[PDB]
Structures are given as structure tokens and as C-alpha cells.
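Asker: The chain contents come next:
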Amino acid sequence: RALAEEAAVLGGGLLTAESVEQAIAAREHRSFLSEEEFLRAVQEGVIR
Amino acid sequence: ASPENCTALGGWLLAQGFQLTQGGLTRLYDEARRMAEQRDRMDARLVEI
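Chains as they are written, first to last, in the UniProt record's numbering: chain A, 441 to 488; chain B, 392 to 440.
The reader is advised that the hints may include incorrect statements.
[As the list claims (entries may be wrong)] Sample of chain A residues lacking proximity to chain B, with all beta carbon distances greater than 12 Å (derived):
id: 1; residue: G453
id: 2; residue: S459
id: 3; residue: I464
id: 4; residue: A465
id: 5; residue: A466
id: 6; residue: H469
id: 7; residue: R470
id: 8; residue: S471
id: 9; residue: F472
id: 10; residue: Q483
id: 11; residue: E484
[To be verified] Partial selection, computed: residues in chain A whose CB lies under 10 Å from chain B:
id: 12; residue: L443
id: 13; residue: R480
id: 14; residue: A481
[Claimed, not checked] Label-pair restraints from in silico Cβ distances:
id: 15; chain 1: A; residue 1: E468; chain 2: B; residue 2: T412; range: 34 to 44 Å
id: 16; chain 1: A; residue 1: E484; chain 2: B; residue 2: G402; range: 20 to 30 Å
id: 17; chain 1: B; residue 1: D421; chain 2: A; residue 2: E445; range: 22 to 32 Å
For the record, the hints were derived by calculation from the structure and aren't laboratory data.
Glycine included, each C-beta is placed from N, C-alpha and C at the ideal position.
Chain A with its partners taken away, still in its complex shape:
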């Protein structure tokens, strides 16, 4: 239900496949801070 709420908000109250996929992507990307930091560290070579 929470995911459907987020999808409706991102799609203007309609749960289309695009809206749900965008909601899932946004939910994953919201918790991506540690992943972003690790990825940029490995790209720079901080963690080899």
C-alpha cells in the first residue's frame, strides 16, 4: 500500500506500469547513499 501510494503520487493518482516502476526506482535510489559513496570510491580508486 505504501508503494502504491508513492506510485500514485509520482503518477498523479494513477497506478500505471511506468508510475510503479518509477516508484520502485525512487524507493531504491532513496536508500542509495551508501551505494553511491562506495561506487564513487571504487571509481576514484579509494577502495580498489
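Mind docking chain B on chain A? Use the hints.
Answerer: Frame of chain A, contents of chain B only:
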């Protein structure tokens, strides 16, 4: 670390009330990048800047 980010930082510094030049802003941007110790990443710690 992008020119758009440098322009945003300069605009933020101007909004804070400071007077800055292109050379000074570029030096601040490079020093922030150095402090983060990453080539393509500048330090987001705006308190130290």
C-alpha cells in the same frame, strides 16, 4: 565536480552576502575538490567552505 556545480556554489556564496571573483571562486572549488581527495568530487561540507 562540474562547471554547473561551480556556478551553483558561486551563486550560493553571493546569496550568503559575500563578494567573489572568478579566480577566487575557482580556487575555492579546487580547494574543496582537494579536501574531498577525489578528482571528480568536490566537498559538500559547506560549513568548512
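Asker: Decide, hint by hint, whether the structure agrees.
Answerer: Against the structure, the hints:
1. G453: Consistent with the label, A/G453 stays out of reach of chain B, its closest Cβ about 33 Å off (over 12 Å).
2. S459: holds (29 Å)
3. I464: Holds, because the least Cβ-Cβ distance between A/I464 and chain B comes to about 27 Å, which exceeds 12 Å.
4. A465: The claim holds: A/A465 sits with its nearest Cβ about 23 Å from chain B, beyond 12 Å.
5. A466: Non-interface label on A/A466 holds, nearest chain B Cβ at 21 Å vs cutoff 12 Å.
6. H469: At about 18 Å from chain B, A/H469 clears the 12 Å cut-off, so the statement holds.
7. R470: About 18 Å separates A/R470 from the closest Cβ of chain B, which puts it past 12 Å; holds.
8. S471: Fine: 19 Å to the nearest Cβ keeps A/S471 off the interface.
9. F472: Check passes; 16 Å lies beyond 12 Å.
10. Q483: Non-interface label fails for A/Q483: nearest chain B Cβ at 8 Å, not farther than 12 Å.
11. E484: violated (5 Å)
12. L443: Not OK, violated: A/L443 not within 10 Å of chain B, min 30 Å.
13. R480: Where the cut-off is 10 Å and the nearest Cβ of chain B is about 6 Å from A/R480, the hint holds.
14. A481: Holds: closest Cβ of chain B sits about 8 Å from A/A481, inside 10 Å.
15. A/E468 to B/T412: 34 to 44 Å: Since A/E468 and B/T412 have Cβ atoms about 42 Å apart, the given range 34 to 44 Å holds.
16. A/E484 to B/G402: 20 to 30 Å: Holds: the Cβ-Cβ distance is about 27 Å, inside 20 to 30 Å.
17. B/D421 to A/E445: 22 to 32 Å: Given range 22 to 32 Å: violated, Cβ gap about 44 Å.
In the structure shown, a violation is registered for the earlier hints numbered 10, 11, 12, 17, in ascending order.
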